[PDB]
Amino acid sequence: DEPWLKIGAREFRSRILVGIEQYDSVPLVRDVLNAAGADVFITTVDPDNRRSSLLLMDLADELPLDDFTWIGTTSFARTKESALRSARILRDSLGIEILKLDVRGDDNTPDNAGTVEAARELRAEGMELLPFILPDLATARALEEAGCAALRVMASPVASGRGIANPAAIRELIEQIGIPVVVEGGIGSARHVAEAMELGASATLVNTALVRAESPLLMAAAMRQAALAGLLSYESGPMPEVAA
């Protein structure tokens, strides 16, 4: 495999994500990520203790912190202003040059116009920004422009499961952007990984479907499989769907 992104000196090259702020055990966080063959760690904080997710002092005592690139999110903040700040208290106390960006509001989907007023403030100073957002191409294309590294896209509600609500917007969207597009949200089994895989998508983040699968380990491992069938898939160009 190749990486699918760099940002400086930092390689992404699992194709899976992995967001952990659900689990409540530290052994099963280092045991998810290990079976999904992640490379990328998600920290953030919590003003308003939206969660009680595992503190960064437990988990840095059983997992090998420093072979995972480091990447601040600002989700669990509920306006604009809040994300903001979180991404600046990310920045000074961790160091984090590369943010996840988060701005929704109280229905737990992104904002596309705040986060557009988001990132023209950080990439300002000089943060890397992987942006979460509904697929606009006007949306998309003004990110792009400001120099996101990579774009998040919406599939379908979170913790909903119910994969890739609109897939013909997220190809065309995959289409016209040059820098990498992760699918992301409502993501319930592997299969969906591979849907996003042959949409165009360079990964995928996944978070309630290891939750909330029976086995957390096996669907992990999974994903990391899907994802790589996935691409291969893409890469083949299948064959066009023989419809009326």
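Numbering follows the first chain given and starts at 1. Superpose the two forms; the largest set of C-alphas matching within 1.5 Å is the rigid core. What changes on going to the form deposited in another entry:
- In the overlay on the core between the two forms, a shift of 2 Å or more in CA position is seen for a single residue of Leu59, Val211, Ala35, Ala194, which is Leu59.
- With the core superposed, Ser14 shows a C-alpha displacement below 2 Å between the two forms.
- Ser233 shows a C-alpha shift below 2 Å between the two forms [criterion: core-superposed Cα displacement of 2 Å].
- If you fit the rigid core between the two forms, you'll see the Cα of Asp48 move by 2 angstroms or more.
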Second form
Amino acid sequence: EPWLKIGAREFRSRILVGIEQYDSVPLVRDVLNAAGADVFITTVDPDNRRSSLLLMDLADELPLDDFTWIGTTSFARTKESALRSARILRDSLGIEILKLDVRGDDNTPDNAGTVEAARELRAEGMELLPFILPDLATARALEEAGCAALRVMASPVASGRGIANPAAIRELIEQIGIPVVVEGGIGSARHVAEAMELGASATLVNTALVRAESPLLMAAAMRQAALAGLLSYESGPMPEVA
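What would you give as the form deposited in another entry, now that the form deposited in one PDB entry is on the page?
Here you get just the chain by itself.
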């Protein structure tokens, strides 16, 4: 069963791979295959209009119709950067679904700037997946604005620390009706299993896969842990686990 549907596009894979830093077509093919992924992410730097790999750049390598193509605003240090990136993605590439990011000084999401940016892009009809620090009011505001799903920070980007406040994430997931994706600081498979045991619908990983000694093994490990965590969650664990 899909855990998210946007238009005709169905999200099934429980692992999302941040590929926007990749430059190698065969590596992107392999990591996405090993993760069992069904989403392809493309970014754009608004200041020079350089893009990351397009979905079509893997036409020879992947069954493109099995991949939902979405954009991301990963160079945004401000609300204005993000909108500019978002509009380039829509107009030039025809991307309607956006992995929305607005990052503060220390590469942590700016919750206020993200909400503001999200409201402006919703007015234009873009389907959104914003990234936030786990704050209940910020999350409810984004759900009310019509965001398809939220991405909530586990720990800082590239830290591999896993899930810093599981209680806060579980609470948020319990009260928000739309799917939650756990993201940021995921280091290994156990962190993925943990996220699913909190009720997360999926996990997004990036650094874990670039910095593992064997990226494709870690990707396959994470795919498997997501299933394990999901089965664990469905099994109704003994109460003192929660």
